[PDB]
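Dock chains H, K, L and I against chain W, hints included.
This is what each chain is made of:
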Amino acid sequence: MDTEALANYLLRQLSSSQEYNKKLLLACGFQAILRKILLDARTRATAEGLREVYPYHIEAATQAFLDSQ
Amino acid sequence: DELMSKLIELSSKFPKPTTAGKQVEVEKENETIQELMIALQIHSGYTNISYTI
Amino acid sequence: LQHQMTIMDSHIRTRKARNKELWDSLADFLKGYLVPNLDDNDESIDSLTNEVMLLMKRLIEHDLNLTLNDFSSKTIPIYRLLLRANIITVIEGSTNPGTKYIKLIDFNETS
Amino acid sequence: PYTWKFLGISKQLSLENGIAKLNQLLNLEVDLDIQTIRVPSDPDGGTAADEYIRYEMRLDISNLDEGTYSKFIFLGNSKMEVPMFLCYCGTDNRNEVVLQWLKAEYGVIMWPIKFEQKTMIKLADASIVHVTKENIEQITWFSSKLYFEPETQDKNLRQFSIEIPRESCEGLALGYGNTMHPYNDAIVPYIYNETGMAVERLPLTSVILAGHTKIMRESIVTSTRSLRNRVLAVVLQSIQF
Amino acid sequence: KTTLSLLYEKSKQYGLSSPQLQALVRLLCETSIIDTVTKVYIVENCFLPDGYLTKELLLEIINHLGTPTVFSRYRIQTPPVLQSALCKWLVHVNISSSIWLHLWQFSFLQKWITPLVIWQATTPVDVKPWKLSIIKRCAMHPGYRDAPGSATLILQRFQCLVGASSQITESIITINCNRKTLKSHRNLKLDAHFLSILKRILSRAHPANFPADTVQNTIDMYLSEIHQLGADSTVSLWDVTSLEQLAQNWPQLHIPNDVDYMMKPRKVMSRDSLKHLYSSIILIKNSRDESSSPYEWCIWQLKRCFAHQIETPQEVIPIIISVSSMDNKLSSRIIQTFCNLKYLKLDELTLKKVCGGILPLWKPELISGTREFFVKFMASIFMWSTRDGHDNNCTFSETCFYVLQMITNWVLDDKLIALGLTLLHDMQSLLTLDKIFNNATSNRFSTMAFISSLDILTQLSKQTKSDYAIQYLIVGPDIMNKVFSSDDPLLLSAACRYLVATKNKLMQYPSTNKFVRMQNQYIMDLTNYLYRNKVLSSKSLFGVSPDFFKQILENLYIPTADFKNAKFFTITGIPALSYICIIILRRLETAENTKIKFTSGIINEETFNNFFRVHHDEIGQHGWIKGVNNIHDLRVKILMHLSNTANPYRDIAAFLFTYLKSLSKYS
Numbered sequence: 001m002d003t004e005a006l007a008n009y010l011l012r013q014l015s036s037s038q039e040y041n042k043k044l045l046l047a048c049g050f051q052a053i054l055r056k057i058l059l060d061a062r063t064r065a066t067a068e069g070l071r072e073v074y075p076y077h078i079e080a081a082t083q084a085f086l087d088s089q
Numbered sequence: 122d123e124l125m126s127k128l129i130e131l132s133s134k135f136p137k138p139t147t148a149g150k151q152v153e154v155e156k157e158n159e160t161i162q163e164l165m166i167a168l169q170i171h172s173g174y175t176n177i178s179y180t181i
Numbered sequence: 121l122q123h124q125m126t127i128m129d130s137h138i139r140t141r142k143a144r145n146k147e148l149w150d151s152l153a154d155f156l157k158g159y160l161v162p163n164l165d166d167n168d169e170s171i172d173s174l175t176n177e178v179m180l181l182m183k184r185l186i187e188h189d190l191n192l193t194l195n196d197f198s199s200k201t202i203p204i205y206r207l208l209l210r211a212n213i214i215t216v217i218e219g220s221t222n223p224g225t226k227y228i229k230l231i232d233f234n235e236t237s
Numbered sequence: 002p003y004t005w006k007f008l009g010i011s012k013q014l015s016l017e018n019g020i021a022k023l024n025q026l027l028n029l030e031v032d033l034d035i036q037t038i039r040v041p042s043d044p045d046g047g048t049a050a051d052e053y054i055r056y057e058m059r060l061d062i063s064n065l066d067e068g069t070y071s072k073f074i075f076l077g078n079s080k081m082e083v084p085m086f087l088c089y090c091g092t093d094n095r096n097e098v099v100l101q102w103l104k105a106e107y108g109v110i111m112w113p114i115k116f117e118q119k120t121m122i123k124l125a126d127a128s129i130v131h132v133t134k135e136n137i138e139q140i141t142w143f144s145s146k147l148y149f150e151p152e153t154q155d156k157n158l159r160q161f162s163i164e165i166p167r168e169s170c171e172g173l174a175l176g177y178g179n180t181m182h183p184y185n186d187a188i189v190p191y192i193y194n195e196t197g198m199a200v201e202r203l204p205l206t207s208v209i210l211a212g213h214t215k216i217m218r219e220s221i222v223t224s225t226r227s228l229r230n231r232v233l234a235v236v237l238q239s240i241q242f
Numbered sequence: 025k026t027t028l029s030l031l032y033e034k035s036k037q038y039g040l041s042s043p044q045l046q047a048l049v050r051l052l053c054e055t056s057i058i059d060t061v062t063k064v065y066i067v068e069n070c071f072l073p074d075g076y077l078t079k080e081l082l083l084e085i086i087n088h089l090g091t092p093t094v095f096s097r098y099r100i101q102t103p104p105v106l107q108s109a110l111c112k113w114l115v116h117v130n131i132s133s134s135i136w137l138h139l140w141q142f143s144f145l146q147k148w149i150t151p152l153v154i155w156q157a158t159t160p161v162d163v164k165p166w167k168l169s170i171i172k173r174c175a176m177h178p179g180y181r182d183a184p185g186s187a188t189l190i191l192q193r194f195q196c197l198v199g200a201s202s203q204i205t206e207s208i209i210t211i212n213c214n215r216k217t218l219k220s221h222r223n224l225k226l227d228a229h230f231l232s233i234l235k236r237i238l239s240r241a242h243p244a245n246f247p248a249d250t251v252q253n254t255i256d257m258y259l260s261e262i263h264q265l266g267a285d286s287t288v289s290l291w292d293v294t295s296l297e298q299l300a301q302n303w304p305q306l307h308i309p310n311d312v313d314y315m316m317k318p328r329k330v331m332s333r334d335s336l337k338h339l340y341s342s343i344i345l346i347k348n349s350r351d352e353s354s355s356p357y358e359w360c361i362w363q364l365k366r367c368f369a370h371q372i373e374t375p376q377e378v379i380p381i382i383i384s385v386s387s388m389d390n391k392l393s394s395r396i397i398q399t400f401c402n403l404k405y406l407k408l409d410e411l412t413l414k415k416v417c418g419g420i421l422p423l424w425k426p427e428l429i430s431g432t433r434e435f436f437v438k439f440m441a442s443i444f445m446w447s448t449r450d451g452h453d454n455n456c457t458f459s460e461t462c463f464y465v466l467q468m469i470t471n472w473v474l475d476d477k478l479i480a481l482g483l484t485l486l487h488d489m490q491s492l493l494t495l496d497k498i499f500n501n502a503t504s505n506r507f508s509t510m511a512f513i514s515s516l517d518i519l520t521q522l523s524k525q526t527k528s529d530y531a532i533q534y535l536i537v538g539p540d541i542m543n544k545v546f547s548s549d550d551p552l553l554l555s556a557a558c559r560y561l562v563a564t565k566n567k568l569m570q571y572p573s574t575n576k577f578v579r580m581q582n583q584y585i586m587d588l589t590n591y592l593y594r595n596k597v598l599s600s601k602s603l604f605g606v607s608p609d610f611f612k613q614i615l616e617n618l619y620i621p622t623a624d625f626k627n628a629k630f631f632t633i634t635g636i637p638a639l640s641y642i643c644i645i646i647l648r649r650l651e652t653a654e655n656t657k658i659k660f661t662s663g664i665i666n667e668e669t670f671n672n673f674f675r676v677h678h679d680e681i682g683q684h685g686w687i688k689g690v691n692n693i694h695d696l697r698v699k700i701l702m703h704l705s706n707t708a709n710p711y712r713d714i715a716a717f718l719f720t721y722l723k724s725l726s727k728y729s
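Residue numbers (the authors' numbering), protein chains in the order written: chain W, 1 to 15, 36 to 89; chain H, 122 to 139, 147 to 181; chain K, 121 to 130, 137 to 237; chain L, 2 to 242; chain I, 25 to 117, 130 to 267, 285 to 318, 328 to 729.
By construction, these hints were calculated from the structure, which means they are not laboratory data.
There could be a bad hint or two in this list.
Here are the simulated PhoX-like pairs of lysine-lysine, each with C-alpha atoms no more than 20 Å apart in a straight line [unchecked claim]:
1. 34(I) / 337(I)
2. 229(K) / 567(I)
3. 347(I) / 134(H)
4. 391(I) / 407(I)
5. 337(I) / 104(L)
6. 183(K) / 150(H)
7. 156(H) / 146(K)
8. 104(L) / 317(I)
9. 347(I) / 365(I)
10. 527(I) / 497(I)
11. 115(L) / 365(I)
12. 229(K) / 156(H)
Isolated chain W (complex conformation):
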């Protein structure tokens, strides 16, 4: 699934070069924020210390993300 395919997804839920660039940048933002959520999940996984990023780590990452944004 391409980053421009993520832009296509955001286009499908949202609704030509200028709009193309706008939607590509929106896809960049969505991808970066997904990466941020996963990175904060890894950070929470560091606090607990077991093998892998169990689901409540992504959960806690989302609450911290909302509490800071």
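Below, chains H, K, L and I without anything else, positioned relative to chain W:
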């Protein structure tokens, strides 16, 4: 066998085979220049890509 | 092998020749094409080109003093072009913020 | 966890003469130990030609893992037609660098090594045996597990194993009497008598001594960080023709 | 469509040369007269090169493959799909190695660039490690779906091709481990229908430039290069790229001391072609001697072959036999070390395959002891076959053929020629022993081996400009009564074919010499046994008195016992030749178009006469062969067919015409 005899004779008759610190540094400079432009010209959309030598 | 018997009556010049050719062609390409395309620096392509001469003589040697704050606002787009090229080792410099040090991967390093 | 890979050496290089050019080639200085050992000291094994010379060389910038800990072993003997072989461990590619230096420097040609089924059984016999400070042999028993993998029509018989706990191995060895190589001496004849199966002929894939080592087609895996000397002597004696 | 039709009609038969390709690709990007949907069709259905694309053409093409940026707004842009299609055509058909890496960075081209860069990474020197950082960067970049597998293909080429580098292999493991796109990348398609058209474009006018007959091989090696990836002042010999370059840097070149690499294993140079000459070069640069490195490696692997330690002896031996066929001193060393009974025990097949390859071309620098060494060795292998008792252990016979092929050279040499003769006769005793060649258990291998050795004497007799000792010129009675006692017709053909050659030397000696007297007995007995039929009156048949023959035919049941004796004294009853005479008469009857036919199978006096007496009143007019009126004539006419080039057995009749006067006249 004739060819080997001739080759051995000629090689025996030849001169023997034969400090390059500056020359190899010059070659490193060559590598850096040529490759750096071989990259930048392509990524600059240059109209005539050529053997930079 | 009879031909070498005649050649025995008879190089390093090639290395110097190709180095000087590469240096002058470096200057020619930079002066002629790149900076005129970017058309930044109020079309003062001579001075922007001189800054690019310094940046190039520093990139070629892979000096760590290549820093984004030293890259002027007119040449930060050139750093962006190099980012697109990806030939530059994209160093997320943790030593110093803002003045991130970026350089090309050394073409001379055999491993 | 400690795996190993073995290569043959076509000339009895004096590695100490050339250590410096390796060091500058590898950008580090490697150690080099020297040991003249007498490994097959038992009377039927011999009392002459035992004078193998062992070299320990290591690439340890650190010793946090096998790759950094990766240590080479050269063991040779002048009476041996092909005089010397090589051992190394880990995934580190500096091993390849030193091998390249060897072949380019000493004009020596090198090849990898394989094992036969009888070679595997002899090596397993060599793995259990230990010698005390009083120059007396002793044996430590492990739960052996023979593991075969034949080829048959329509995959009729893919694999089968013969597991032998410590107690059964010790009992078979004692029933055979006081001996030094129980796997060849007692266990395999017992298996053949009970099943008509020739372990030597059958397509053996591995011999596992639980918690001690795994002997395989191309490599040795060891619980200890190092290989005891009889293992290396058996390898060298297997190199030959 | 008219303009495109002209392009189609030209390229389909005229092809498209390099400048024509340069002009058209410029037209596609610079002009609107060609529609975009047709541009993605012209580049792969009309671009038909006469051969490999020249470097400047590729460089000029590469300008089309660039992209606009916030720098290069002014550049006209080819559409990426057309750019991708153009790369796909480039896949169908040395700074360019550096150029094409930066082509690979483009997302939409990178999959099509992988074969192009791989076909530049064709030498250990072309690849550099820092290039993989750029390749790795794209592999790890989001949005480059093809880069992971595309990079892994290039990485898998670098790791095996480089031969000496830091641990870049682990950087391959970082790339996507599913490798979903890499499976297709290592199995690229050449678009056979486009290729098939290109085959004719390469066949119409010109050879030697991507030749038509070699496209399948040329495409296969290009395919193999994509499949096998996962399926100072002095100069190094490895660094040179041409014979001319080797010539120029002769006093600067030095040979790396890495023996194994040289001895075992397209416009850009292929060092395998230079590796064909590395062995010869080393033997010339270094005066070929015991210290020469090719000598050790060939010995070393050969020792491993006999030990069965080599992974594939059949892969190594072809290099060994080819190399060891030359460098006589090396050839001797292999012979001394390996031509012995001990190595026969270890592996007969390799030894017979090996020694048979080398020894026909070998020359002994020392005459003394050579035959004794060979005779001692040859006796052992003979005993080895008989010790086995297996006729399938015919290694003695094959070795006999090989050494006699060598003996041809030993007799082509003016010296050591008596060496070849004595060895020839010493061997020939072995082949003629009954247990190796029994007239009942007659294995052929003995027969062809001997007639070959016998053949050598026929050439030796015809080359009698070089003189010889009368001993070892006549093969001798013990051999000839032996072959006569056998009945293989080719062997009989060889025997007379030898004696006509012996005849050519006969008149050069006085009649009253024993060697002339024994060979006069052969022809007399041979003529009597075959044609004269007066054998019982002879003192002996092949040294055996006739009183046997009458007695041997006792307890020997014959249908027409009225003629017990005369059957065996003719080729028509001599057993192997008897069935031959049936075949001879069948063709004679067919060529004659006889309506009457020889009623019996085997031919003889009573079979002859029996069916004429019933046909006699009309045999006089016509119905059967008109060149015959008695049994002797039928035997004659049986030979008359044998008197021409058609038969392989013609020599038995031709040789003996010279002595029987009537037969000479009929010939």
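Hint check:
Our distance criterion of 20 Å between C-alpha atoms is broken by residue 34(I) and residue 337(I), whose separation comes to about 42 Å. Taking the CA atoms of residue 229(K) and residue 567(I), the gap is near 92 Å; set against the 20 Å cutoff, the hint is violated. Annotation: proposed proximity of residue 347(I) to residue 134(H) holds, straight-line Cα distance about 12 Å (limit 20 Å). Between residue 391(I) and residue 407(I) the CA atoms are separated by roughly 25 Å; this puts the pair beyond 20 Å, and the hint is violated.
The suggested pairing of residue 337(I) with residue 104(L) holds, with an alpha-carbon distance near 19 Å, which does not exceed 20 Å. A C-alpha spacing of about 19 Å is found between residue 183(K) and residue 150(H), which places the hinted pair at or below 20 Å, so the restraint holds. As the CA atoms of residue 156(H) and residue 146(K) are separated by approximately 13 Å, the hinted pair is consistent with the 20 Å bound. This hinted pair checks out: residue 104(L) and residue 317(I) have alpha carbons roughly 15 Å apart, not beyond 20 Å.
With a C-alpha separation of about 27 Å, the suggested pairing of residue 347(I) with residue 365(I) is violated against the 20 Å cut-off. Between the alpha carbons of residue 527(I) and residue 497(I) the distance comes to roughly 37 Å, so the proposed pair goes past 20 Å and is violated. About 17 Å separates the Cα atoms of residue 115(L) and residue 365(I), which keeps this hinted pair within 20 Å; it holds. Of the supplied pair hints, the one linking residue 229(K) and residue 156(H) holds, its CA atoms being roughly 16 Å apart against a limit of 20 Å.
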